[PDB]
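Presented as structure tokens, the chain that follows is alone, the form deposited in one PDB entry.
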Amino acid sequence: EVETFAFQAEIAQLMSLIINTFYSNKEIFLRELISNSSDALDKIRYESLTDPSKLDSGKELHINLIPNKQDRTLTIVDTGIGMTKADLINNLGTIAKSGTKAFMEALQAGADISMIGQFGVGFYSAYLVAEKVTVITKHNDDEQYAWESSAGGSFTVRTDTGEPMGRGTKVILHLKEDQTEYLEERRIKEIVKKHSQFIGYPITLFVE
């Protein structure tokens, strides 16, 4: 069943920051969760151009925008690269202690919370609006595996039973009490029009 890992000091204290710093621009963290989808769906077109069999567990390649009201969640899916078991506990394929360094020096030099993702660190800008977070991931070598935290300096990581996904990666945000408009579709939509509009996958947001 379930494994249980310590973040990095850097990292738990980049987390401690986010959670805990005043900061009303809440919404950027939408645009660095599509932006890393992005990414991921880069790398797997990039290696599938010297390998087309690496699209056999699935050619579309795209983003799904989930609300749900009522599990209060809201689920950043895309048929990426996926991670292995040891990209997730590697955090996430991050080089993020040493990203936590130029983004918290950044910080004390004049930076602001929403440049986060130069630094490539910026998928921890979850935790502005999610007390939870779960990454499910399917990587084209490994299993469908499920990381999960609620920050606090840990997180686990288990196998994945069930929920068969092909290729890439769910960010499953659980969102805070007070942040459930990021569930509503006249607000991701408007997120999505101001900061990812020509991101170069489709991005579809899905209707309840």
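Rigid core: the largest C-alpha set superposing within 1.5 Å between the two forms. Residue numbers count along the first chain shown, from 1. What changes on going to the form deposited in another entry:
- Among the candidates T134, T84, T94, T73, displacement between the two forms reaches 2 angstroms at the C-alpha for one position only, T94 (superposition on the rigid core).
- In a rigid-core overlay of the protein, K59 has its C-alpha displaced by at least 2 Å between the two forms.
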The other form holds:
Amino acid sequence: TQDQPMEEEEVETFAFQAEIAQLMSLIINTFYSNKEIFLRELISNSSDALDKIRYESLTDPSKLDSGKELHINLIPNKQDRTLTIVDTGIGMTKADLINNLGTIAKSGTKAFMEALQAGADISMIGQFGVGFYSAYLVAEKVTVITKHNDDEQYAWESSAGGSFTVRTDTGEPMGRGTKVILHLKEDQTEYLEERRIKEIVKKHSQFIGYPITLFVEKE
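What does the same protein look like in the form deposited in another entry, given that the last one was the form deposited in one PDB entry?
This part shows the chain on its own.
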């Protein structure tokens, strides 16, 4: 005999820094033959977050006390047409999202677009520290869900077009780390095939030193 439960989330909208918006417009609108590198950039970013756990451990030994494995999980979903990458890294604060994913990537942003103009391949994006935006080669929408110790769960979301949102996330608690959800373009469902994902990870990532596990839905 209870009243209707209802959760509330505050949502804020942000403009991308002009140069990140230019790069995102270039990535979304142009066909790149080597676009499979998007998955290497996701795995490499998860690896950076897992390294931050170990760094923090040096000076804050309580990190050692978590019983969570440091790992990366790949979860294609053909029904939803999503590729989800989950890691147990340190996660981001709300300030990180507003900054890390819409402003602080700004210096290699301009340098990468001049590298492309000079004839460099899309595969160089990772060396300019802006590999995250390669998700827009294959995804029409990206959601990032993240949890940092002593902070709230946040969702970042953008379909490009010059802005992103950040909100408190009252959904499924994910525990410490980051989940990236690629809503794939209709024509990019090859990247949900177990065989294609095995090829791409056998090729690119090579020497990331955290376990990677592909979860395949039994048909």
